[PDB]
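The data below hold one chain only, encoded as C-alpha cells and taken in the form solved without its partner chain.
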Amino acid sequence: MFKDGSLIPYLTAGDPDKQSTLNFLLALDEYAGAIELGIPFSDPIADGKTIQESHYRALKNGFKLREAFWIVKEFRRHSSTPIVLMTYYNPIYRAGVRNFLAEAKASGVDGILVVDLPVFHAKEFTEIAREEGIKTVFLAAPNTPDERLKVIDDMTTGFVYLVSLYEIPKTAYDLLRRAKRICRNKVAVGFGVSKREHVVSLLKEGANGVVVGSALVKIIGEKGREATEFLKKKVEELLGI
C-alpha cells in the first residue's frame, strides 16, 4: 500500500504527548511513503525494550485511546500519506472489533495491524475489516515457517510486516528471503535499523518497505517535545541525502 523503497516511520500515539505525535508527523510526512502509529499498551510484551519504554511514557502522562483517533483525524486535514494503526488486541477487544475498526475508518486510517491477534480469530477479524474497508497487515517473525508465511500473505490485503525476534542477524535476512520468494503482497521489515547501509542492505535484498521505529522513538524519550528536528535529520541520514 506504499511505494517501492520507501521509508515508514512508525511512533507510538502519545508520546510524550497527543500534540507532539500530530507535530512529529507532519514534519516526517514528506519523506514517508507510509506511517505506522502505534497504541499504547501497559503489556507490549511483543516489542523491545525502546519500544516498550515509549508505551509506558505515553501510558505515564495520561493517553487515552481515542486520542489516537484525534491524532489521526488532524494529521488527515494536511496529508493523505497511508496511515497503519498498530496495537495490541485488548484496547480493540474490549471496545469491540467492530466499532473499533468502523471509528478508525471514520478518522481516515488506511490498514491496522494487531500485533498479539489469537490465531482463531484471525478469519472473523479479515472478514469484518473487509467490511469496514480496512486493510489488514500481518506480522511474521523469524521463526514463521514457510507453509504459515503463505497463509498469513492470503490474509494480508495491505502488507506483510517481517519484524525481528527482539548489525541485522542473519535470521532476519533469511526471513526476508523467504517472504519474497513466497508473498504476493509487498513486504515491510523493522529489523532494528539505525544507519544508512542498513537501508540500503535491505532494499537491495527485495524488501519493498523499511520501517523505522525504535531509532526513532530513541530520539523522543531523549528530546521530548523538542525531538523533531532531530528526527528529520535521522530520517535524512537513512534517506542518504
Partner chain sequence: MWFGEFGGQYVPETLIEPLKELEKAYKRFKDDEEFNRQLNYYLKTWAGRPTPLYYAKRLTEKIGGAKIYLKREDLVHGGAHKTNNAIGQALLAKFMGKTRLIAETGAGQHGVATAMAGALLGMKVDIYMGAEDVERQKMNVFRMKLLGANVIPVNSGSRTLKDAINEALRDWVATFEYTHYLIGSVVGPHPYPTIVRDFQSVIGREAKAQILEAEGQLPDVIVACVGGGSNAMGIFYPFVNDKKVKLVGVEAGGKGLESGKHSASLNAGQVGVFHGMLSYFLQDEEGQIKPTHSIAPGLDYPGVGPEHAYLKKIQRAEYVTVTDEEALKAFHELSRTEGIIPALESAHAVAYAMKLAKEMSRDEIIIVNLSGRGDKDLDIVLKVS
The other form holds:
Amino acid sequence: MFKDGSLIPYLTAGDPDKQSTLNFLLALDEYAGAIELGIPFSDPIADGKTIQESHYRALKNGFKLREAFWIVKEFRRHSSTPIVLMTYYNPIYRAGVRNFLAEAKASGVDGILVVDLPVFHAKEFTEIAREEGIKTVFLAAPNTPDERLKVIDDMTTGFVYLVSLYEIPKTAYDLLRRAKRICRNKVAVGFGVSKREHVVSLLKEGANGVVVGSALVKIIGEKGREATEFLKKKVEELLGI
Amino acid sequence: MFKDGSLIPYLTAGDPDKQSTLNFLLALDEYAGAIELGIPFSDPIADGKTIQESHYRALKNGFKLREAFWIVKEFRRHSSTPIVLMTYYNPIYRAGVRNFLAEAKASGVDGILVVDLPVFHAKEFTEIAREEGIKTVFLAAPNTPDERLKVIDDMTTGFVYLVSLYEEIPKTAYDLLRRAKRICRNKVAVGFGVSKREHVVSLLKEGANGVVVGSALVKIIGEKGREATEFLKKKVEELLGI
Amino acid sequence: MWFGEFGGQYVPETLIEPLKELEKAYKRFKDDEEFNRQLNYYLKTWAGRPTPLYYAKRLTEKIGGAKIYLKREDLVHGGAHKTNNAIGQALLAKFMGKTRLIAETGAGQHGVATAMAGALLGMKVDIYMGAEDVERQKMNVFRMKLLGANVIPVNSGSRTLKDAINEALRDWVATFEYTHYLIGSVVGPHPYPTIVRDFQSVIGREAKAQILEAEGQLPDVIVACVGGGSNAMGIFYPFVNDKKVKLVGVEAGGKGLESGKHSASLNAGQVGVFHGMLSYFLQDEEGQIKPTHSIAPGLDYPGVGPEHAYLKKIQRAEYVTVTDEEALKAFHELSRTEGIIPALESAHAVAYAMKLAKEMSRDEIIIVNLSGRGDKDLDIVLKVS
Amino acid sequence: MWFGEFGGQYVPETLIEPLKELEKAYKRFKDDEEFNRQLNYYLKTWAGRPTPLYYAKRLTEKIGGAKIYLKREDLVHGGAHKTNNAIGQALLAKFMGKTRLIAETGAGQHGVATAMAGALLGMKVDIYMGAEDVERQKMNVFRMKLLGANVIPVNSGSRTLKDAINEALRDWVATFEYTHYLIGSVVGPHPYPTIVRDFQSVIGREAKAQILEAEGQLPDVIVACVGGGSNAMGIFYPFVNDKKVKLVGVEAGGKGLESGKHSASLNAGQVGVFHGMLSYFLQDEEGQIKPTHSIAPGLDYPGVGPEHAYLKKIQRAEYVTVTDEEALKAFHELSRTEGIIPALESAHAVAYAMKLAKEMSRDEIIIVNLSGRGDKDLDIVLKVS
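After the form solved without its partner chain, can we look at the form solved in complex with its partner chain?
Okay, now the whole complex, with that chain kicking things off.
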C-alpha cells in the first residue's frame, strides 16, 4: 500500500502530546512513503524497550483513544500519505470491531495492525476490515514457519510487516529472503534500523519498505516537544541526504 | 546446733569481696547465735531476687571457692559462733564429697545445707557428713508433705530450715512452722524472710528456734558495698529490738 | 484454550511458536506414566504431600455455626501452594530437554517458588524483577540468590512487574529452544491457565478424600482466595461436578469497593484483553489497566484467570470481597485461636469463611483453602498493627 | 531418673512436689489409649505428621560417595521439630487438668513453639524472657504475641536466659496446681529428659519405616545436631537396639574449640550439676558456667541432655563438632543444590554429613536429621554474607 523503496516512520501517538505528534508527522511527510501511528497501551507485551517507554510516556501525559483519530484527521487536511494504525486488541474489543474500524476509516486511516491478535483469531477482523474499507497488516517473525507465513500473506491486504527477535541479525535477513520468496504482498521491515548502511542493505535484499521506529522515538524521548528538527536530521541521515 | 531464740544472719561469701564479708561477720557476731554463709554459683535456682543478685556481684568480683573457707578460718580466730555453709551441689561434686566436707570441717564449719540436693539423693552425703563431723541441714517448704518432712527431720543433725514460697509473714508460712514443731525432733530455723521487729518476736512466739535474716541484710550490701558494716549493725539492732 | 467466551491466546507472532511447542509438550507428557511418577515422587518426598485437612475445633465453637476445615497448604515446602505448580512446570521443562527456567515477580513469592523448583531439578534460573520491587523485597531477593537463582533488576519505565514481564518475554522469544517461561497463576495465554490448574488440582483431590474420611460426605461450601486464581482452581476443580458443593472465590476488597483501592477484578472489572487472555481486568474509562491495592501482596494483581470468569458467568462459583481490615482480623483471630499464622492472602478466605459460618447450621461443613503460611507477612502486619 | 551416672532431680525442696505430680501423671497418661489417640490426631492434622524422608540425589552425586537422606522436620508446622514436644507436653498438661503453660526462652524458637501449642489446646500462655533477648528477638516476641501468649520481660540481674529461668521456676512453685512448666529439650530434672525424648521418638520411628520402604535396609549412620539434645535423641532412640546403625551428634564448634567461642558441651566440657541434672557443662576453672557461642541460636546452650552423656560414656554414639563457617557453607550448599534452606542448627548436621559421605562407598546410607527450616535465620546469614 506504499511506493517501493520507501522509508516508513513509526511514531507513538501522544508522545509527548497529540499536537507534537501531528507536528512530527507533518515535518516527516516529505521524506516518507507511508506512516505507522502507534496507539498507547498500558501493558504492551511485544514492543522493545524504546517503544515500550513511549507507551509509558504518552499515557503518563493523559493520552486518549479519540486523540489518535484527531491526529490522523488533522494530518489528512494536508497530506494523503498512507497511515497505518498500530494497536493492541483491547481498544478494538471494547469499542466493537466495526465501530473501531469505521471511526478509523472516517479519520482517514488506510491500514491497521493489531499487534496481539493472532492469525487464527483474526478470521472475523479481516472480514469486517474489508467491509469497512480498511487494509490489514499482519506481522511475521524469524521463528514463523513457512506454513503460517503463507496464511499470514493470504489474510494481509496492505503489507506483511517483518520483525526481528532481537549489526542487523543474520536471522533477520533469512526472514526477509523467505518472505519475498513466499509472499504475494509487499513487505516492510522493522529490524531496528539505526544507520544508513542498514536502510540501503535492506532495500538491496528486497524490502519494499524500511520502517524507522526506535531511532525516531529515542529522539522524541530525549527532546520532547523540541524533537522536530532532530527527527528531520535523523530521517535525512537514514535517507542519505 | 544453736541457742533457742537466736537471730541468724545470712550473708553471701565474697560479696563484694572476701575481706568485706569477714568484716560483716565480725561486726554481726555479737548479735547472732549462728551464721549462714552462702557460696556463690552461676545459676542459683532456689534463691529469690536479692540473693540471686549477690551471687552475681560476688562472681563478677572474681570469687574463688578457696576464699569461702578462708573467711571461716579467719573468722574462727575471733569467735566460736556456729557457721552453716550454704551451697549448691556442683562445688561438692567437683571436689569430692569427703574432700569438701573434710576441708570445710578443717576450716571450722559446723553445718552445711546443700540447696539443690534432694532428700533421696542425700543418702551417701549424710552418711559421710556424720563421719566428717559436719552437721546436716535440710530445708522444707509449705508444699512438703507430712510424710517427707518426717524423712527430712530423720536425716537432719543440725536444724530443719523452713522457707516460704516467694510485706508480711504469709499465713502459709506459719502453717509450715506449726506443722514442723508438731512433727520435727530437730531445731527449726525460719527464712520467711524477715524485715521488721514484729516478725521476729511473732516467729519466736510461735516456736521458731531461730529466725534467719538474709534479704534484709544482703539488700544493704547491694546498696552500700564495702561501706555496709554500720548499716548492717543498725538493721540487726532494729530486728533484735535494741 | 477457551473457558466459555474467555481465555484465548492473544499474543504477537513472536510468541506463537514457543507456546505451540509448549502445547505439544504438555499434550504428550500430561498423562505419561513416567512423568507423573516423577512428579508424584517430588511432591511427596520434597514438597511433603499430602497436606492435612485440619478441623478448626476452637474457631467453629467461637463462631457458633458451621464446621470449618482448613486445607493446610501452609504446610507444603516453601509455605504456599505455588510449589505445586513450580515443580510441575519445572519438571515439564526438564522432560522437554530445557536447561533453564525464567519467570518474573513483583512480591517475590513466585520468584522464590520458581528458584526452589529450579534448584531441585538442577536448572539455571534467571528471574526478572522491577527495580522498585528489588528495593522493596530485600529479603525475598536474597532468598532467591540462596537457591542458586540470580535476579535481574529491570530499570526501564515504571520499574514494576509489568516491565519485568516484557523483559522476560523478550528473553523467552529468543531463548525458548533451551528455556521455559514459568507463569505463577492460572493466567496468560494458552496453555498456561489449563497447565497451572492441572498442577494445582492435587489440593482438591486430597481435600475430597480427606473430607469424605472425616465427615462421610462432601462439604456444603468451599472458600478460597482469588488473586489470579491458582489456589482457588486447585481446590475447586475436583468438586465442579458435585452439585452439592458451593464454590466461593474471595477477592481483595482492599480499602473498600467505594474507595477504588482493591483488586476485585471479578466484582468490579470489565472484560478485556491484556497479558494474552480475554478475561476480567480492572480498567479505567479508556480501557487501560488501573493501579490496584491489597494488604496481601499475592492478591495485588489487576487481572484474573479466564476459568474463573467462566465460572462466574455460568454461576457455578460465587465471587465476593473482603477488606484489608477484615483479613487482618482473621490473620490475628486464627493465630490466637488455632495456633496457625495464615498468609494474608489466605486470611481473606478465612475472614469470609468466618462470616459465612455464623449464618450456617452446626451440622454443615466448610472447607477453607489455607493457601499459605504468613511468616513472610510479619513485617507488614507489625507495621500496620 | 538415671542414664548410667547422669540425670537426676537436683532441685530444691520447693520444686519436688510439682515434679512428682508430673512423674505420676506421665506414668498414667503415657500409654493411655485416649491420650495417644488425641496426640496423634494433633500431630497428623495440625502438625503435618509424618514428614517425608528426602533423598538428596544431587548432594550425594556432587560429593561422589554415600547416600544422604534428610529427615524433613523443616516441614512440620512451625518449621522445626520443637512442635512435637510442645504439643505432647501441652496435651499432657490438659489431661492433668491444667489451664496454663509457662516457659522461658532466649532465641525465641521455644517460646513460639509453646505459644503455638497453647493456642491450639486453649491454654493460657505466659513466656518469661530476658529483657535483652526481648530487644534482640523483636520478631519472635511479636510471633508469640500474635499466637496469643503474653511475653513477660524480666529486668532483674543480667536480663538474659538464666534470670528468666529463675522467674519461671518461682512462678511454677506458686501456680503448679493449674500450670505446667514446658521444658523445650531433653534437659533439666526428671521426668523432663525422658518425657521430651518420648515426644520426639516419633522422628526415629518414621525415619526407620521410611528408609526400609526406600532402601530395604537400616542406615549405616544417623547424623543430627545437638544443643540440648531434643532432635538428635528423637531420631536416635528407635535405632538404639540396632547394632548396625551408627549415631553421630554434631555439636556447635562455633569459632573453634581452641578459640573458646563454642557451645560443644560433650566434646570440651566437664561433668557437673546445674539446672537439676548431672551432665556435661561448659564450665570455667572454678566450676561456674562459662559463656557460650554459636551462629545457630538453638545450639547456644552450655549444657546437654543427660542421655547424650550416657550414650557418650558407653560409646553407643560418637560426638563431633562443626564450625560456624562450615554450617554457613552447608546452609548455602543445601539451598543451591537441593532447594531446601535449612536451619543453621540443622546446617551443622548437614555440614558433617557432607564430610562423612566422602569416606563411605556409594552403597552405604546416611540419614541427616534436618531439624528445621532456615527462614528464621536469613537476617543472620545476610549480615555475615
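For clarity, a rigid core is taken as the largest C-alpha set superposing within 1.5 Å between two forms. Positions refer to the first chain, counted from 1.
*Asks:* Only one of 121, 76, 105, 98 crosses a C-alpha shift of 2 angstroms between the two forms, counting 2 angstroms or more, core aligned. Which residue?
*Replies:* Single hit from the list, 121.
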